[PDB]
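Q: Here are the chains, one letter per residue:
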Amino acid sequence: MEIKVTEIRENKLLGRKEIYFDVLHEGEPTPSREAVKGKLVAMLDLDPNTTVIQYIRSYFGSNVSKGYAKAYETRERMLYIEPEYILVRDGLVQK
Amino acid sequence: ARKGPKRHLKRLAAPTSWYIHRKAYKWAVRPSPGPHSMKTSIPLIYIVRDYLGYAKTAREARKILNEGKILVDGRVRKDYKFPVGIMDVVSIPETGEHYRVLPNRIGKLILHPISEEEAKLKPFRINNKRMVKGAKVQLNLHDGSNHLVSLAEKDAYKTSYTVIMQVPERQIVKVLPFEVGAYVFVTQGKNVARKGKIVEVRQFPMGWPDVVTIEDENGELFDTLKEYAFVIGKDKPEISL
Amino acid sequence: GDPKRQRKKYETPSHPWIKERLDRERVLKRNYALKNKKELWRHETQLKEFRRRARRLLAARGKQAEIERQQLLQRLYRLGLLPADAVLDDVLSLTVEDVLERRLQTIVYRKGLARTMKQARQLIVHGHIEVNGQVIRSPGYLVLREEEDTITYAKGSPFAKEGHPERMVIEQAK
RNA sequence: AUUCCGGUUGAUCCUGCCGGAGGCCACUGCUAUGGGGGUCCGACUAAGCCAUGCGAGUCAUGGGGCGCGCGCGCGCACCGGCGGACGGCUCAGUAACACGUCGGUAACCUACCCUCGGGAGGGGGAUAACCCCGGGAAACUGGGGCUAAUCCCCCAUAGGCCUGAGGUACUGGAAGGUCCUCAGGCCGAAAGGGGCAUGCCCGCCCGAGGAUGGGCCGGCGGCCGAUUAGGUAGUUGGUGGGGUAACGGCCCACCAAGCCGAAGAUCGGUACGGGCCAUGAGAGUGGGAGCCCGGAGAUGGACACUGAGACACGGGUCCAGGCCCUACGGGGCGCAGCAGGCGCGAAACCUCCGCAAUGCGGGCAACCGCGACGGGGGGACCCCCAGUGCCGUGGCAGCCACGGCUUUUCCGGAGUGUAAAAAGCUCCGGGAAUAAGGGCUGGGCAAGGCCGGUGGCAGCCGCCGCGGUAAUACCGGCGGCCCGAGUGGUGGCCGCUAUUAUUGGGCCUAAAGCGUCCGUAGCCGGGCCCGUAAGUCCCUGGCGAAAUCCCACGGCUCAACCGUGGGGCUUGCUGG
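Protein chains in written order, with the authors' numbering: chain Aw, 1 to 95; chain Af, 2 to 242; chain Ae, 2 to 175.
There's no promise every hint is true.
[Claimed, not checked] Calculated cross-link-like contacts (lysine-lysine; reagent style BS3-like; alpha-carbon spacing at most 25 Å): (1) Af:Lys24 to Ae:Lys9; (2) Af:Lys57 to Aw:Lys66; (3) Aw:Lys12 to Af:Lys70.
Simulated from the structure, these hints should not be mistaken for laboratory data.
Using the sequences provided together with the hints, build the complete structure.
A: As structure tokens, this is what we get:
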């Protein structure tokens, strides 16, 4: 699977880096959040924490999925801005 | 049957001056009473969320608003219902961004980016005059605001002139009159967002408003109403359009 | 008042049992491998819409009129039913066989990717045919002019290998 | 597709009606694989009756106090504050300034909100919670003691209202308006409170204006009936006053005799109004449940309190009519809110999950609540895209034998998806196997002159017409044609219909000229000249919400759908 960053965007008010990326998986299924996070952090020098994946989406026939990710400066601002359902869905918090 | 005032607003019934999706949902933010009208203003949350894109939901927008990270006319505004309007200035000092609110040739409101120097001035149109106790003159402006002046200098302020003012402290500079060579910016009607110079005024009897003719720099002439002709300069503009 | 209801996009004939119409539609159905009469009827309705737009615009004075004229001509050129140096009278000479030729099933046959129209329909529906980059499964897609050369077999598909038994049986025709 | 076909005669040409053939809505028979989108589903009869559970709350940074742990922190209730007048349901009544559009209020009210200019001084009081004692079957409720406030009251000062006499500073098209000076009088504010801290945050009262929302007025516009022709008596106006937030016969006292009407008043019938919808080549005809804007109602009817706002669906009082609990003294209730039930009928769903998204109220905020909203469940509601196999050889006339292939769909699984799920999307394993019917078969009208039964019986039949012993017309069998996950039956509307005719019909003989004349309103009106510019024509300013309609581009695989822009619609009004 390849991961190709299409856009990065900066937010000073909430203190976040928004990231739009494409995933290329020709012949394979839709990949997993763990793997996508590993690749993202390895490639952009980010913390495995303070990083969440809002969605990975597949289309009708593409073998090319899309993603949206957010990288925060501080775990505190993170837990304050982001709701709990994505945190549980990612694994950064135990319900 | 209705026993009182309204507190909701549906999206199919929202004014046309807005950039909004009408079928995505059923409900819209009803603005609160304030400076401008409903047909001439848009709340702040729509700016924070749908124009600039600093938030995707409304909780995030409320959160940034309740921390003084956004100003309007040099003042902090925490209410997501506050109506923003024409000739107003939106300032984000954490990103160095300054926008001025203006309409299009279509009638919709937009954000024109300006500089920090011009972000400290706001033009006002004198809409009426009154004499109040202490024998003082009260000018009633176009955003619903008011200014006090002495009697000695009453003949210098009339009911269509324009006044430039430092926004937060609200001190006057550079009055501009309504004459036959003044620069103009139309704010409503069929010829909205056009610009040009005045040529002729015309009056009518028994309640009908006054009309004015204007010439654009391509040389073409067009008429409109006198209350729609915002004065912004003498020979050239003082702000950015 | 009464609100909106979605309406059909195809028309039915005025009489169901006229010999000439029956014969013609029979021949077309057979020679283009259609499943119903709805498809034929909706292609015919497309044509009739184009034809009515032309009839209306013709000799209409203004600015929106010429705008719509150019829009129509460009749309037809893009679909592939008219050349570039065309005029508003070349529309009224069009027929339904052209609209029928501009669909995937027929193009896949005329291109040599399938031996028959039914085989082409099966390929399209099972997902072995690609457009510029995509997998489309609708044999009535109305291919455009800039895509007719980007139609191939999909990467994941046995037919995409040159030595497939059935692909060799297909190339055995040409 | 600006369309025709069958039927009066032994045969013919006409008029004229009936039927066929197209589309949309409601009920319904037989049959049924799968997805996506959407403003669909107790409207028609009973605005009939309802068992159970939910549909409106929040603030601990307003105040005192109880409990649990270390003055602090957690939790509960009470007083107090804002809200509950929005949102949600329905179509009874209403032929009306109710609705639409243009205008007006110089004749009016407005808590939450914005701007500006100014203020927060001095005293007093009670009473819930808490403790003692209780009563009543309950619903509900009594006495005593103690206490606080952003609770209540009082003085003062600001300020509010009336009147009279003057000055003319402001707006405006125009001052019974605002401002200045004087005079005589009635009513009459406020919480410097709370928090952090060694000044900042949230707040209280007055005034001038705006915004938001409403009340009132006016011109134009839009059903049927003459087997309904005269109606009205505070009825029409005036003078003077009361009352209202405010103009006004809205009401009162007095003076007059007016007001509406054949260009159809009054009366009676039906009916929420529009944007819109169906149909048609178009003119035109018909409808107005679902989504938006406005209005009205909450078992029928009448009347009031609190509040900025109600004569108040989930708050009050009474009468009528219905039902329930009771310890028989007395008490309580009305789903046209979500689901669920009875009844009525031809005729309409789960007593489900959530406040994550869109929004509202409360709160400095964090945040809580919401049967609104969102999400799934059941349903031949409407629209879009597909499936029920393909290839080659051979034999027949689309089928069969043979040999290979594919997996939309099906069976099972891993990810993503989702508030959590499900579905959908990507991948893997198996395997042509898991999936066509309904009406018709004499002509109109496409398609059998084939076979067996019935024998003027039984039955068919929109219409014409078959059937009385070789039935192409009944019943069945085998074949065939139309449409196709759909196809038929009943009722309603448009079209067919130039059978309602402005475009565009007819009246010697077929329906149809008054028995004939004179004349009122009304409609139609000879030729030239001068004027005006009301109708009419052109150009331009301000209005006719959005959705809906047409076109192009772009985003969900294309589409249906959504978005950006350009045009129309809004049957028109108005300033030059």
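Q: If a hint holds in the structure, say so; if it doesn't, say that too.
A: Each hint, compared with the structure:
Restraint check for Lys24 (chain Af) and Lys9 (chain Ae): the C-alpha separation of about 23 Å stays at or below 25 Å, so the hint holds. About 18 Å separates the Cα atoms of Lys57 (chain Af) and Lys66 (chain Aw), which keeps this hinted pair within 25 Å; it holds. Only pairs whose Cα atoms come within 25 Å are accepted, and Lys12 (chain Aw) paired with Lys70 (chain Af) is accepted, the gap being roughly 10 Å.
In the structure shown, no violation is registered for any of the earlier numbered hints.
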